[PDB]
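Protein chains: 2
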Amino acid sequence: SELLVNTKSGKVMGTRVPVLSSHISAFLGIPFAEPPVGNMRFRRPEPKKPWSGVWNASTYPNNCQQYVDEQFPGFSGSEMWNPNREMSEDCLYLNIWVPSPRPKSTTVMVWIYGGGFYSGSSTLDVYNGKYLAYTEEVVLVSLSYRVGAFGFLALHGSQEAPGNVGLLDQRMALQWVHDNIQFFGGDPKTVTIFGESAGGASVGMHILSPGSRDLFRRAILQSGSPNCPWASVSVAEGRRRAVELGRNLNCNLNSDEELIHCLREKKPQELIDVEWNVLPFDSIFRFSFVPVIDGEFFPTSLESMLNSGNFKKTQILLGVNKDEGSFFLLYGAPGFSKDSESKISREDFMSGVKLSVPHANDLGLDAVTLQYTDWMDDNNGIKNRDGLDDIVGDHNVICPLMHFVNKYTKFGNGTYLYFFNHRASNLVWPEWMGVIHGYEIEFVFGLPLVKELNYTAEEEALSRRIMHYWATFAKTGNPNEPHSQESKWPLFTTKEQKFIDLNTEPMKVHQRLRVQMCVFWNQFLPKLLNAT
Amino acid sequence: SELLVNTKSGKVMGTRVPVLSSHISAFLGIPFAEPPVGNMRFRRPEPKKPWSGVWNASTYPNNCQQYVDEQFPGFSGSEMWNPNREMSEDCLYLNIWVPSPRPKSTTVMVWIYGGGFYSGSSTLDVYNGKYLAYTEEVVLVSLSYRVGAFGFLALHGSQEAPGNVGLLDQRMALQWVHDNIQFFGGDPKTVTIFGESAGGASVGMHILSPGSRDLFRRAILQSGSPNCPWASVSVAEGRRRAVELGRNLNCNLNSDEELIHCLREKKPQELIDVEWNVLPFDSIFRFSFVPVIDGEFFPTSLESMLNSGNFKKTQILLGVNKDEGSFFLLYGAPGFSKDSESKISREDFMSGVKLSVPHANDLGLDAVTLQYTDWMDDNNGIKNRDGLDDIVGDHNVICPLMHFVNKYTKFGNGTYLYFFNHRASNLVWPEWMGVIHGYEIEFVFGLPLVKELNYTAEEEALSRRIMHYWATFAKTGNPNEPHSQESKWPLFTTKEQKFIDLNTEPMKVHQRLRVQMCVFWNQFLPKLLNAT
Ligand SMILES: *[C@@H]1O[C@H](CO)[C@@H](O)[C@H](O)[C@H]1NC(C)=O
Ligand SMILES: *[C@@H]1O[C@H](CO)[C@@H](O)[C@H](O)[C@H]1NC(C)=O
Ligand SMILES: *[C@@H]1O[C@H](CO)[C@@H](O)[C@H](O)[C@H]1NC(C)=O
Ligand SMILES: *[C@@H]1O[C@H](CO)[C@@H](O)[C@H](O)[C@H]1NC(C)=O
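These protein sequence lines are chains A and A', in that order. A prime marks a further copy of an entry chain.
So the mapping is simple: PDB author numbering equals the position in the first sequence, first residue as 1, plus 3.
So the mapping is simple: PDB author numbering equals the position in the second sequence, first residue as 1, plus 3.
A few of these clues could be false.
What the hints assert, rightly or not - What the simulated footprint calls covered on chain A by chain A', stretch by stretch (three residues with Cβ under 8 angstroms from a Cβ of chain A' suffice, anywhere in the stretch; the number is not a length): (1) 369-377; (2) 522-529.
Said to hold, decoys possible - Derived BS3-like pairs (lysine-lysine); straight-line CA-CA distance at most 30 angstroms: (3) A':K386 x A:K357; (4) A:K192 x A:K413; (5) A':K346 x A:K501; (6) A':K52 x A':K107; (7) A':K386 x A':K346; (8) A:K410 x A':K386; (9) A':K413 x A:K530; (10) A:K11 x A:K107; (11) A':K346 x A:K498; (12) A':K501 x A:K498; (13) A:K192 x A:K11; (14) A':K386 x A:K413; (15) A':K11 x A:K386; (16) A':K346 x A:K386; (17) A:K357 x A':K498; (18) A':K357 x A:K530; (19) A':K410 x A':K346; (20) A':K498 x A:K386; (21) A':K192 x A':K341; (22) A:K316 x A:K454; (23) A':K11 x A':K192; (24) A':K498 x A:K346; (25) A:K511 x A':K413; (26) A:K341 x A:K530; (27) A:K498 x A':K386; (28) A':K316 x A:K386; (29) A':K410 x A:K386.
To be verified - Chain A side only, calculated, beta carbon under 8 angstroms to chain A', not exhaustive: (30) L366; (31) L450; (32) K454; (33) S490; (34) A534; (35) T535.
Since the hints were derived computationally from the structure, they do not count as laboratory data.
Cβ atoms here follow ideal geometry from the backbone N, Cα and C, with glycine treated the same way.
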């Protein structure tokens, strides 16, 4: 049987799924770790014990316990990101889409979902890997990992809650892919990890971590970078937030053992209900429980690893969307709302700057405000709104990613950089938010190929071109077809720093993506804050 | 006789001078103070003792002792600024041009020359007041004042060299105009002081100083502002430079009396030869002996006088030239030269920034460099050259003048702002220097009306329009003719902040002259330096 696969952990039985009037095989909800429940909450994952019999891999698994966005009940724009299965701490499963007939040794792509390390599901309609596996003839894997406190509570020095266990969840799934994907027709020597947002940061963290480097061949990062300001905390700040979490739950704080024991007796929703109460500042684009710079997963600081070349040298493809910040301003910043144009007043602008750079002193806030204010037209509500959008996106996504790519290209083996700026014709979010955070995913996963979705013919053509870029990159290390007649995506080099736009228009090459602002965020402001 | 005028100091005999195929009267070299020679060097001026007989006022007086620019021997572009009479400490004289026939009670304009407070002459060909007096029918006065150490050596606390005596020279000339200009046909109640560069700063200093306010009606400032970074020093810094001056001349430094006595035994050229050796920094656009914030001429700091309204409230007309900085880069900055395009390398750019903001720490230098660097095109030699030009001009002239005008308009009675950006067709300086510092003076003094000078018909039309703006402003407080059909120069208001271009093209109104850069120079950088 095409749907029966024998693995080193046991046999699994998949299901035949239709896709664009054909069919492929899907193996949904394969366990890769022991359920991290009870006294294993906050612990490192353990490999799943082999099983006898046949694992029914015909339906999606549970999603991990997570905060659930209820800000717009019924609205698909936000609920498309919410968990669409029951939530459970028993949630360490992966899903595989496999071309039919079963390949022998084909390119493997492993998807790592984003969601700020506090949320995310592998089972979202927008992550359905069947279109990409079918169209490009690749083995498509999506893994899962613990998020929020369950994945990232960090009391460094203790072995019961060391931190980073959600990253270790991802690594263990990558280990299982390394060890078993051959039986599904995948080539364990040609595995590309790819992910968006926290998933893109995660991808970059596996490139850096010595314990993860050997488990994949190359990597794709979408709107995410390991050095992002929101993606990691120090050991001291991780400890402080874990203690504050227990303080919110009336825990005995006399020792790590007392605190962890208290936090394990709590129901999952009890932790989630107070999770946002431990942030140190009034802020947007900051999340409570994220990777910790521990000296283990990450042997030294991220910047010194980047500067010294202490990371996996391979090919990478990566990029950003035009309007990375609008998301977070809508949810947290005064003056923004979903059903208005969100024109911002000079005083809401200043409130927004403070929420966006919460670690800045007054001089730094002035530096930011000056950099993004048109003083011929300071009370222009559109300019203030788009200025804040740029501030949030530059500071949190684009300029960290540009710092990463410039450091990486010095030691790496090939870099391809993109700027995604097509706004989907069927977006339900307001126009002011622009090319939103995450709305390139549907093009990467081939959703425009499904008529019922609406989607213009030009958007289907864009999706196919993007899918073939990603999959050709995964297969060869280069998104371009050799000897093809199509425009060519040029290499990003230290000298030229070229990149392409991704949209429905003929390809255009540019250089030095947002270099003016990123010199401010990467060189000047950090220097200003350290001196003052 | 039309050429004989009896004054309160004695009778004076002028000369009939031809002008544009007509004639007017000129009274050149009228003494207004006692010669500040010998033991009166560095002292306050004393009024000139009345004389018997007739003072021969037919020829120009001596120029004050000053540094003489020899950087380009023979070149008219630089020598047109050098003294064109013998130099002498006996140099406190004024010149009057008087329409023919002698008026009864007409508008008076008093010209105060610039030259960084270290140089300047009232007798320069470009200051010949006969064209303006003839064309606009006004009494044109040009005064003189001590410059360099002779005018501004400041040992505060001592009465022998208190500082500011060059400003007191100007005031005493204004007193003499107040007291005697009626006998030449001038209206002592309608006197406009005007000046360029240090002369424009001087004008603003008389607006501020309680001891000068009553001696004039309104004021014109060209490319100069009392708050300019180069126009004043503290009492401590003035004392330090005076002591360093004596150290350069092997003076006894045990007391003020010993130091002043030593400096008075020195020949004028001995002081001039070492004058540039006392500057505290490697710098451009900084001069050794300038006005001192003494608590007398200026009762408090300039900024607190400006903020509290402690100044003469009247009408002012003022403005700047497009390329205020190119002058000083040519003479002092590496990579600039007179006979090349002066394309600047990224490292000469950084050297120039340091010379231009000598009081900046490293963080401030970074802030400036960032503000003026196009990081898409950092090695563009033209952009680096023009960037430095803007840095020098914004920091030293334009943004101080914009701070002054914005503070003044809050309490004043009418403000007219201009931006002069016509490059004269006959300029002998290289094209890269643009609309140079001081090359609007020839238009203010009507030189384009003289055919022999070359000068296009459009430049003659510009000169006449400018002369009539200045003279109508002097007469009424408003540069525009009432009920005329011509475009109207609008008032500068706190709310709108309108100004006009001055060039050969049809008038255009703009708002917020160089506001982006001036917010950097007037608000952010000062804040950055105070915190760090
Ligand atoms: C696998 O589980 C689903 C869950 O209800 C069930 O409907 C399906 O029939 C099962 N298949 C097998 C072969 O047990
Ligand atoms: C990648 O590495 C190989 C050698 O292993 C080298 O030949 C090739 O030029 C490299 N490519 C880039 C883009 O650095
Ligand atoms: C005034 O002085 C000049 C200087 O040489 C002289 O040529 C002229 O004749 C004098 N005029 C009178 C009236 O003394
Ligand atoms: C100037 O002052 C007079 C009163 O003395 C006033 O009527 C006039 O409006 C003022 N003009 C401006 C421009 O402030």
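Hints, one by one, checked against the model:
1. 369-377: holds (count 4)
2. 522-529: Coverage by chain A' holds here, the residue count being 4 at a Cβ distance below 8 angstroms.
3. A':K386 x A:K357: violated, 34 angstroms
4. A:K192 x A:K413: holds, 24 angstroms
5. A':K346 x A:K501: Holds: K346 (chain A') and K501 (chain A) sit about 27 angstroms apart, inside 30 angstroms.
6. A':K52 x A':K107: Holds, at roughly 27 angstroms.
7. A':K386 x A':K346: Measuring from Cα to Cα gives roughly 8 angstroms; hence the hint holds.
8. A:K410 x A':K386: holds, 28 angstroms
9. A':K413 x A:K530: Roughly 37 angstroms separates the two Cα atoms, so the pair is violated.
10. A:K11 x A:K107: holds, 17 angstroms
11. A':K346 x A:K498: OK: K346 (chain A') and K498 (chain A) at ~22 angstroms, within 30 angstroms.
12. A':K501 x A:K498: At roughly 45 angstroms apart (the allowed maximum being 30 angstroms), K498 (chain A) and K501 (chain A') break the hint.
13. A:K192 x A:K11: Answer holds: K192 (chain A) to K11 (chain A) is near 18 angstroms, not above 30 angstroms.
14. A':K386 x A:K413: holds, 28 angstroms
15. A':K11 x A:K386: violated, 65 angstroms
16. A':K346 x A:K386: Violated: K346 (chain A') and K386 (chain A) sit about 35 angstroms apart, past 30 angstroms.
17. A:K357 x A':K498: The hint holds at about 28 angstroms.
18. A':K357 x A:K530: Judged against 30 angstroms, a Cα distance of about 18 angstroms means the pair holds.
19. A':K410 x A':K346: violated, 37 angstroms
20. A':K498 x A:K386: Distance ~20 angstroms between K498 (chain A') and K386 (chain A) Cα, so the pair holds.
21. A':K192 x A':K341: Not satisfied, since the Cα-Cα distance of roughly 46 angstroms exceeds 30 angstroms.
22. A:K316 x A:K454: This hinted pair is violated, its Cα atoms lying about 40 angstroms apart.
23. A':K11 x A':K192: Answer holds: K11 (chain A') to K192 (chain A') is near 18 angstroms, not above 30 angstroms.
24. A':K498 x A:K346: Roughly 22 angstroms between the alpha carbons, so the hint for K498 (chain A') and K346 (chain A) holds.
25. A:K511 x A':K413: violated, 51 angstroms
26. A:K341 x A:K530: violated, 36 angstroms
27. A:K498 x A':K386: holds, 20 angstroms
28. A':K316 x A:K386: Answer violated: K316 (chain A') to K386 (chain A) is near 38 angstroms, above 30 angstroms.
29. A':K410 x A:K386: holds, 28 angstroms
30. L366: holds, 5 angstroms
31. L450: Check failed: Cβ of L450 (chain A) comes no nearer than 35 angstroms to chain A', outside 8 angstroms.
32. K454: violated, 42 angstroms
33. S490: The hint is violated - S490 (chain A) has no Cβ within 8 angstroms of chain A', the shortest such distance being about 22 angstroms.
34. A534: Interface hint status for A534 (chain A): holds (5 angstroms vs cutoff 8 angstroms).
35. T535: Hint holds; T535 (chain A) Cβ to chain A' Cβ min 5 angstroms, cut 8 angstroms.
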